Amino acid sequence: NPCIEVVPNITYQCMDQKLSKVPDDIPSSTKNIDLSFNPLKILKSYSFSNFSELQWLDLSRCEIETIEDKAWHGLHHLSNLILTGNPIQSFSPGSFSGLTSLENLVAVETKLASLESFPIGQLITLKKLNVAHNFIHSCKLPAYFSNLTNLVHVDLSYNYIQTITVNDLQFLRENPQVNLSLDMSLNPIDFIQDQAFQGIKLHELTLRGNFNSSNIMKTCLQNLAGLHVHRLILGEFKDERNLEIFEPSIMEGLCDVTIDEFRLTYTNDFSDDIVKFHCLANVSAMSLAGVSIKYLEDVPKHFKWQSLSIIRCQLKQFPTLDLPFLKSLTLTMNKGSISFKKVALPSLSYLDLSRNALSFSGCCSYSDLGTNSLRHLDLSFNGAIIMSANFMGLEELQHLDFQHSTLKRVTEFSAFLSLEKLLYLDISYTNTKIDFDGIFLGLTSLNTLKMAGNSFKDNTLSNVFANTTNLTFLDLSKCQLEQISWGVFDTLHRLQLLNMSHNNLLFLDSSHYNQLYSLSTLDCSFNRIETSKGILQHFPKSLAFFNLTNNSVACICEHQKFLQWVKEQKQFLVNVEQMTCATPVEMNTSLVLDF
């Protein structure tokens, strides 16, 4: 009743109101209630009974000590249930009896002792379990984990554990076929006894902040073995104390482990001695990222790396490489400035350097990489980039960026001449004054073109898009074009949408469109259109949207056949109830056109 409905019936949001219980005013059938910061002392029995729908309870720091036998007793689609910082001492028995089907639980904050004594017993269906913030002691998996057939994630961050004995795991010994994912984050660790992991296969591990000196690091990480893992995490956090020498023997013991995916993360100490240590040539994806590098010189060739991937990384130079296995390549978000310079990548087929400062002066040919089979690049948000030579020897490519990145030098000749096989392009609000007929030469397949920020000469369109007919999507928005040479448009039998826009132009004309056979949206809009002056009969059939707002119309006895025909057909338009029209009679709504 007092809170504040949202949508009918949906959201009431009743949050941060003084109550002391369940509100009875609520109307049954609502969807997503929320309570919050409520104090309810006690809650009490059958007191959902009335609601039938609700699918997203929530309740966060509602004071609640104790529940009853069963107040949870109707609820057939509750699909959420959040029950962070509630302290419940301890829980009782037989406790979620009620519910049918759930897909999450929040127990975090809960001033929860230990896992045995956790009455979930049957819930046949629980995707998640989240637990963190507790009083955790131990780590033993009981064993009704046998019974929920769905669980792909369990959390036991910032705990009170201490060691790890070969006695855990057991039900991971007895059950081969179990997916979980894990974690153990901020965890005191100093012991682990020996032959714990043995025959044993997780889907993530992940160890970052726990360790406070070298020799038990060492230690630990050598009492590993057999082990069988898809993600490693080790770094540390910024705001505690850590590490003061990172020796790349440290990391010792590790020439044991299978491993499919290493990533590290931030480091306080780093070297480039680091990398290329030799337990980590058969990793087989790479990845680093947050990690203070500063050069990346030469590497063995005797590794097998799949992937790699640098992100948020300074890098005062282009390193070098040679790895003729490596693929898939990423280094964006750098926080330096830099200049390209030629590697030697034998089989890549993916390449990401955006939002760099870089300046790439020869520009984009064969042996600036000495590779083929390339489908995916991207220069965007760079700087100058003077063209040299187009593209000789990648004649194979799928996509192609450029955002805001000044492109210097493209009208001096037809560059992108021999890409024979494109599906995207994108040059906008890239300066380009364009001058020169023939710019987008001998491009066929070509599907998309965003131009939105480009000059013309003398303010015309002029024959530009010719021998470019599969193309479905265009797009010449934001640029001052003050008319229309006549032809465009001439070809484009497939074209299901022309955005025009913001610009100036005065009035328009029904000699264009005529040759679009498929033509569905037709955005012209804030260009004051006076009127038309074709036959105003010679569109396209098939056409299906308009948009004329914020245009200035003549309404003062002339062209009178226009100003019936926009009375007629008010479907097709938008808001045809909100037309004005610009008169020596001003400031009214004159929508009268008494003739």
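Residue numbers count along the first chain shown, from 1. Definition used throughout: the rigid core is the maximal C-alpha set that superposes within 1.5 Å between two forms. Compared with the form deposited in another entry:
Comparing the forms between the two forms, the C-alpha position of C62 differs by less than 2 angstroms, with the core used for superposition. Relative to the superposed core, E53 undergoes a C-alpha shift smaller than 2 Å between the two forms. After superposition on the rigid core, displacement of the C-alpha of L35 between the two forms stays below 2 Å.
Return the form deposited in another entry of this protein as a structure block, the form deposited in one PDB entry having already been given.
A lone chain is what you will see next.
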């Protein structure tokens, strides 16, 4: 093997060694081979015969210039074949013959010329096909596609396509069942012959970076009448020529196309009027990703948007919305610091405002979001929430998430007092000095707490888990606890995971945990324990995992009973192997006294 093995007898990464033929010493039963940048120049018959187990082959930038007839003879389970870069100008017939399970052929930048002289007629398993950057000149789909039954994506990006005609996409008219997904980004389209799309149905169509003239784009878009698409993606690219003036009148023509989800990506010049165009009213799922919008002031009330997404878009002010049909609004990773504004969305059932600097001063009031049916709220990674109400109207919430925000005023009263049916709370890393034993009152159905970077008063775990019976996963890690008050955990009859790592405990007790009937993991490492006071036979036997690593257990005959129990019931402990002691002498594992 003149190349580096990654895994024993599997995944032989052989990239960029001066080779001129696949190595002969590579073991069979291998699964992933990578011969990239090696200076091969021709494939030869049967060369891959013994690899009747290979299922991922990559030949990129090898200077393959021709192919022998029975090149890929013995390959029977190969699924992914990549061929980027090789200047195979003409694919003479009978190539791709031996392949019988290929699922993803990539032929980017192989100086192709046309999609008809491409002998793939018999590859009846091909899912994807990628021929971008390939000199092609005509969108004409070839007839043999009728044979490639299970083909669901074609990528023609960055080709020389110039015009579309009625006899192209003919296949798609005669075959109203093919579930195809087209793509033609970066093609200098300038003339869509009239009636081109008629009775045609695609599942997606990208057109980013095509036009650089306003009127050309206007008329071309106009000619799409009759199409019926499930996701239309428009926009431009930053590092290319693009329109300097964008006006909602360009959207003309789209006013008779059955769009189902309209996505609009980056655009050089953008006027907030674009989105308020009279023939988006039937779109079902708006979307914006990168457009430098400023104010989403006021959209008509007959719009039928059922969804709305704004991701990485700049904003200077929380939009104002009244859509009586919108549900599942999403505004994420915004590029500014905005403050929440009151809205009226009678049908909202999914809200997500993460990763912004959303300072939300008033809080948990139905008056802030006129929806009696919210089910998923998320305000993670935001700036500074300020609690001033206990979800008086949001009594359907089932998923709440306040991570990394500065959660202020939550200890001053029973917040969460009305969330009687909630399943996933998360308040980790919100600096929250728990100093009130009613803070979690009302959460009768919670199942997953997550507080990590939160303190307590006196560094003592207070009794804050009453009336939280159904808790099943509880994470107290990374708090700086120093002792556990007596009586905690005394009613968590279903807790199954109890994380407490990275605390500053001085020792361990077993009188605790005595009522955790269902416990199964008790990670208690990195917290500098010395021993385990109390009778050591009251732990639940259901414990399967017990971290005791990065501890400081002293094996100077300190609690000989414990020093024996630790090396006796070790089929549960984790990494019993390297259990060092911390009282001279160290480097040990067993104590002399048995039984």
